[PDB]
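The lines below spell out each chain.
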Amino acid sequence: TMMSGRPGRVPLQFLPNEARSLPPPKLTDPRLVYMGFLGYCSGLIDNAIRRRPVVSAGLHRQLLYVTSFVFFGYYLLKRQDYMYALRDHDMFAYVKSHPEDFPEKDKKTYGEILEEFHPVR
Amino acid sequence: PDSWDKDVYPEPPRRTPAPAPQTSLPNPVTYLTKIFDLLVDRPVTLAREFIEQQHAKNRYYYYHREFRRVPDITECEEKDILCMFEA
Ligand SMILES: CCCCCCCCCCCCCCCCCC(=O)OC[C@H](COP(=O)([O-])OCC(O)COP(=O)([O-])OC[C@@H](COC(=O)CCCCCCCCCCCCCCCCC)OC(=O)CCCCCCCCCCCCCCCCC)OC(=O)CCCCCCCCCCCCCCCCC
Ligand SMILES: CCCCCCCCCCCCCCCCC[C@@H](O)O[C@H](CO[C@H](O)CCCCCCCCCCCCCCC)COP(=O)(O)OCC[N+](C)(C)C
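For the protein sequence lines, the chains are CB and BK, in the order given. Going by PDB author numbering, the first sequence opens with residue 2, and the numbers climb by one from there. Going by PDB author numbering, the second sequence opens with residue 2, and the numbers climb by one from there.
It is worth saying that the hints were derived from the structure and are not from the lab. Worth double-checking, as some hints may not be accurate.
The calculated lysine-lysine pairs, modelled on BS3-like cross-linking and capped at a C-alpha distance of 25 Å, are [as the list claims (entries may be wrong)]:
1) CB:97 - BK:80
2) BK:80 - CB:106
3) CB:27 - CB:79
4) CB:108 - BK:80
5) CB:109 - BK:80
6) CB:108 - CB:97
Sample of chain CB residues facing chain BK (criterion: CB under 7 Å; computed from the structure) [said to hold, decoys possible]:
7) 106
8) 110
9) 112
Selected chain CB positions facing chain BK (in silico; Cβ < 8 Å) [claimed, not checked]:
10) 108
11) 109
12) 114
13) 118
Yeah, the Cβ is synthetic: ideal placement off N, Cα and C, and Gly gets one too.
Take the sequences, apply the hints, and build the full model.
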């Protein structure tokens, strides 16, 4: 386990207060659209299993499927973006704190670099 | 037409010997050349004249794209993707 045990981690918290400094996902996000598509597919499968007209029966429950999937997907995307931002922040902090472990290397141009040539014949 | 550079595409001067017949018989090649000029060359020349007159009514130009010089892979640093792409 990598992230668990991080200092300042409040248990059983889906979104801490520091996650509110990040841009919230746009409502037109392709991931949100895919979540809504999954909800619509679940509604169609529900109609098919229960032996109802697939594309015309249960419009209210299909709408509820889509809405629930979009809601949960939005919150899941917020948490995912927060976790990735936290990972990048920790990585950059450690790189700053350990310059001898992450040193800069000399940049030699290809004119100076010697590389072997392997003919194709 | 000669819309090309003679220096880039060299061609030695053309030496055509003059016709010096030694017989009284007529020349079928010459007669057929006259017939060909009367029947083919003149009509195609007239058609080309009409077409080129129509082309000169609206004359527009196109250009040869010039590409700037950029630093090459010798000057590019290692793992420098933009300079490597340009080179
Ligand atoms: C935007 C594009 C999105 C594309 C999405 C593609 C993926 C969709 C996944 C989810 C699909 C859910 C389907 C539920 C079951 C439906 C079954 C059925 O009867 O359907 C007929 C049904 C109407 O007929 P019905 O009289 O009510 O039903 C007759 C009974 O079923 C009585 O008929 P029966 O019982 O006599 O039928 C016998 C049949 C009964 O068996 C079936 O019908 C089963 C078919 C498969 C269902 C389970 C699929 C699970 C997910 C597989 C994912 C694979 C990868 C997909 C990658 C997709 C990438 C895009 O069994 C057999 O024939 C036995 C042999 C089976 C061979 C293997 C079949 C399975 C292949 C597996 C892959 C299939 C993928 C495509 C499935 C498409 C289904 C519509 O029509 C539809 O369901 C049409 C749905 C699509 C159009 C909806 C209207 C849209 C209008 C606005 C368009 C706007 C466009 C832009 C905005 C878009 C916003 C979203
Ligand atoms: C298809 C398979 C995925 C199924 C998805 C549904 C599974 C159940 C989801 C239930 C979500 C409940 C969320 C309500 C708040 C719960 C808060 C708490 O319980 O969990 C928080 C968030 O933790 C949850 O586990 C995250 C929920 C993520 C739910 C979706 C997972 C998707 C996985 C990727 C599948 C692909 C996506 C498919 C679309 C969903 C904080 O956890 P924390 O105490 O602080 O961390 C230590 C605990 N450890 C040890 C387990 C790590």
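Hint-by-hint comparison with the structure:
For the hint pairing residue 97 of chain CB with residue 80 of chain BK, the CA-to-CA distance comes to about 22 Å; that is within 25 Å, so the pair holds. Simply put, residue 80 of chain BK and residue 106 of chain CB have alpha-carbon atoms about 12 Å apart, close enough for the 25 Å limit, and the pair holds. Restraint check: the Cα-Cα separation between residue 27 of chain CB and residue 79 of chain CB comes to about 10 Å, which is no more than 25 Å; the hinted pair holds. This hinted pair checks out: residue 108 of chain CB and residue 80 of chain BK have alpha carbons roughly 9 Å apart, not beyond 25 Å.
Taken as a hint, the residue 109 of chain CB and residue 80 of chain BK pair is honoured in the structure, with Cα atoms around 10 Å apart against an allowance of 25 Å. Only pairs whose Cα atoms come within 25 Å are accepted, and residue 108 of chain CB paired with residue 97 of chain CB is accepted, the gap being roughly 20 Å. For residue 106 of chain CB, the interface hint is violated, the least distance from its beta-carbon to any beta-carbon of chain BK being 9 Å, above 7 Å. Here the hint on residue 110 of chain CB is kept, as its CB sits about 5 Å from the closest CB of chain BK, short of 7 Å.
Because the smallest distance between the Cβ of residue 112 of chain CB and any Cβ of chain BK comes to about 4 Å, under 7 Å, the interface hint for this residue holds. Evaluation of the residue 108 of chain CB hint against chain BK yields a held restraint, the C-beta minimum of about 5 Å falling below 8 Å. This hint holds: residue 109 of chain CB has a C-beta 6 Å from the nearest C-beta of chain BK, less than the 8 Å allowed. The closest approach between the C-beta of residue 114 of chain CB and any C-beta of chain BK is roughly 6 Å, which is under the 8 Å cut-off, so the hint is satisfied.
Taking 8 Å as the C-beta contact cut-off toward chain BK, the hint placing residue 118 of chain CB at the interface is violated, the least distance being around 14 Å.
Hints 7 and 13 from the earlier list are contradicted by this structure; the remaining hints agree with it.
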